[PDB]
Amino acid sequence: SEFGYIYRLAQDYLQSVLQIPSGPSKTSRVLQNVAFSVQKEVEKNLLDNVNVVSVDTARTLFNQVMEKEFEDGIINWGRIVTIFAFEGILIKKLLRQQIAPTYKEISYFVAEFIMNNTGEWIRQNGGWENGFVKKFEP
């Protein structure tokens, strides 16, 4: 439910990256706008010499990059938006390099990280609808 909210955010962001067909919530559309901006820059600043052949590789890649994104233990909405930006980067490299034909599997370990590492802060700072949306909405 709390997890299930973040899973929907992650699933929505995935469906937008893959350009897949109601409609996301305002919260989700606001997140997708800011996340895709960050994604464009992060993919720029980095990834080639690593082949994402498996969803277990993208999960392993995700933990490696995000444990470094939060090393100092400081968190803010900008860092949390970078989580979704990196999920989009891994989907793209997965779609290309998967030695295989998984939407659900990626949404899950993105939500697991957010829930298990930022859930308390997100709540204490307004949640998605009273903290993130209020800060990033037009």
Given for the second form:
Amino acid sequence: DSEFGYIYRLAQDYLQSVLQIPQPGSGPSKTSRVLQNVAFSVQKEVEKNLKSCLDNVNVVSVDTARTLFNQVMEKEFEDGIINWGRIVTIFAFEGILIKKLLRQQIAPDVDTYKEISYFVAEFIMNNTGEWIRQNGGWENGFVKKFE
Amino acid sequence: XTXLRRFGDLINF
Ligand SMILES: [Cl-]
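Here we have the form deposited without the partner chain; I need the corresponding form deposited with the partner chain bound.
Entire complex below, previous chain first.
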């Protein structure tokens, strides 16, 4: 029940929904369900907008996947602006990375989605954690604006 | 990153 652990659970839950890994009987939390619907509302459109760009990147490893994630995330927020919509795109992008990694990584570890979700949660809490605290948090700011 | 940024602002409406 820590701050990083809750963000890690959200990041890992979404990758399970993207890869369509079945969870316990009932689905994840209501917060992860609101997040999954909003990020699904985005993901397929982002892929179909960046097919030329994504078809030319080599996401062949975890470090390689982390390098590209850090690179895109630093330029997206290079204006110093954070909102709940931009946070949704952080989850939407990790879903595209894990699908490119699944198709390009040779001999992956079991549950590689847990490794990708880990450094994705590190970025969210280190660079948007203080902002999330100051705009209602997850149960009062995010859910209450998309539900 | 430009794409994702405006996809995000879009939903912030
Ligand atoms: Cl970029």
